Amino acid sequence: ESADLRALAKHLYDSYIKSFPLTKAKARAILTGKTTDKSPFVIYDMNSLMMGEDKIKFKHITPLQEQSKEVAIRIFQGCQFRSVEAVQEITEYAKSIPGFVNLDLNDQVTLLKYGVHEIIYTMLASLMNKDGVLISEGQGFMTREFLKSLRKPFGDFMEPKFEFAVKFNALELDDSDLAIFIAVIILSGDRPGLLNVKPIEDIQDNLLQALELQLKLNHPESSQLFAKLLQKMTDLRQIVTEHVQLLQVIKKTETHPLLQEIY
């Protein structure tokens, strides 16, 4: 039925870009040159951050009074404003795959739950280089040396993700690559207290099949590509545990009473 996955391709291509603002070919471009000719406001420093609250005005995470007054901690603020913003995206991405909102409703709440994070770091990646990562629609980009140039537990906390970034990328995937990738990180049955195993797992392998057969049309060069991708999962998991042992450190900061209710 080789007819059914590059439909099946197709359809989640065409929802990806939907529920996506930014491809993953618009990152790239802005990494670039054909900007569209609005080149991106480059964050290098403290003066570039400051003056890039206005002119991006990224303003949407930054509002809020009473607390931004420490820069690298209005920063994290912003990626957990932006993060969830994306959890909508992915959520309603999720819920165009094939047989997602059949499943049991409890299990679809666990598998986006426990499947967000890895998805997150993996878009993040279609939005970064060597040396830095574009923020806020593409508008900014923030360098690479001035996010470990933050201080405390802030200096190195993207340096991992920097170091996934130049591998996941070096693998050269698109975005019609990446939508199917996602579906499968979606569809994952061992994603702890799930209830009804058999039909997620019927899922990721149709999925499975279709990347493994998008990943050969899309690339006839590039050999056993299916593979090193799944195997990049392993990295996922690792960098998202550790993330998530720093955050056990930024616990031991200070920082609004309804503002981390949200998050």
The other form holds:
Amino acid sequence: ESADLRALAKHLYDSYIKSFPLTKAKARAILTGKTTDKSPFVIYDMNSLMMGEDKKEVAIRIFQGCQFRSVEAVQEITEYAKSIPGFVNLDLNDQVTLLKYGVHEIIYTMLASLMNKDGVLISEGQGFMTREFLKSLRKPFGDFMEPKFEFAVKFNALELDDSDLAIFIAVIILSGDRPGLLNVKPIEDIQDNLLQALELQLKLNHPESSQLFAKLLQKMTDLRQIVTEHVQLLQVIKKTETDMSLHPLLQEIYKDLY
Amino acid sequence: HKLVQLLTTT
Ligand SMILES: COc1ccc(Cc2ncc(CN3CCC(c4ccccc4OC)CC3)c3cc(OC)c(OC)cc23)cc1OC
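If the one shown is the form deposited without its partner chain, what is the structure of the form solved in complex with its partner chain?
Let us now look at the entire complex, which starts with that chain.
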């Protein structure tokens, strides 16, 4: 019933606010100047970066920074997942599998909130690293960000807000087609409800947005490809750059992933 | 494992 679907929407929004300190609303505010004097420090070259770091090779320090921020993101996303109704009653191995295979799709969804066509907010909104600087990084590290910019730009053009994103991310986490799931059916029943909630949210929140639900679902597909490509790059780094490694939490996620 | 720990913390 539609009142239940709205209660679910609001619960997911409340839980998203409680799980994620940096919301798209706040990110977009920073990106567009609608906060205060504390305008972000712009990192557009190597001097910028040194100047900014104040308040190994450069590519590798950026890599290691993103991995550390990724650990905190996994933790917040896990906390969010535990607030999706039904999730904590799933077999615990299935919870692990949904997070293992879904967390990166969610990471890149939420990273898009921090992005525009020219760069990305870093250091919880205090800095802005330019697209051209990230692109300048040597191979393979210069290949990380660019397809995410390509994704973010088209994704942000749908103009989803935090309330929409909360249900979008829940739908993705509760995907019944992850490898190695023990009980697919209870996952699919939860997802089916989330999807109905998402459909109603998008109709009410974006009534004139043409085929917005369909376009959204399509994005969930595009995220999987973003992640496949990202994981292939991580593999290359592991094979050819082995002078370093991931955090243990990220190692768990990545073990036997694709 | 660390994932299990995150999932079961209250
Ligand atoms: C050169 O090497 C690399 C280059 C690029 C990358 C790509 C990349 N991956 C993950 C994160 C973590 N981030 C995800 C979004 C997340 C987030 C944002 C908003 C809300 C919630 C939320 O998480 C819960 C916050 C934490 C990044 C954060 C960045 O800036 C902050 C960033 O700036 C370019 C790039 C990031 C990985 C690399 O190596 C691995």
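Positions refer to the first chain, counted from 1. What we label the rigid core is the largest C-alpha set whose atoms superpose within 1.5 Å from one form to the other.
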Among 231, 35, 196, 222, the C-alpha that moves by 2 angstroms or more between the two forms, rigid core fixed, is that of 35
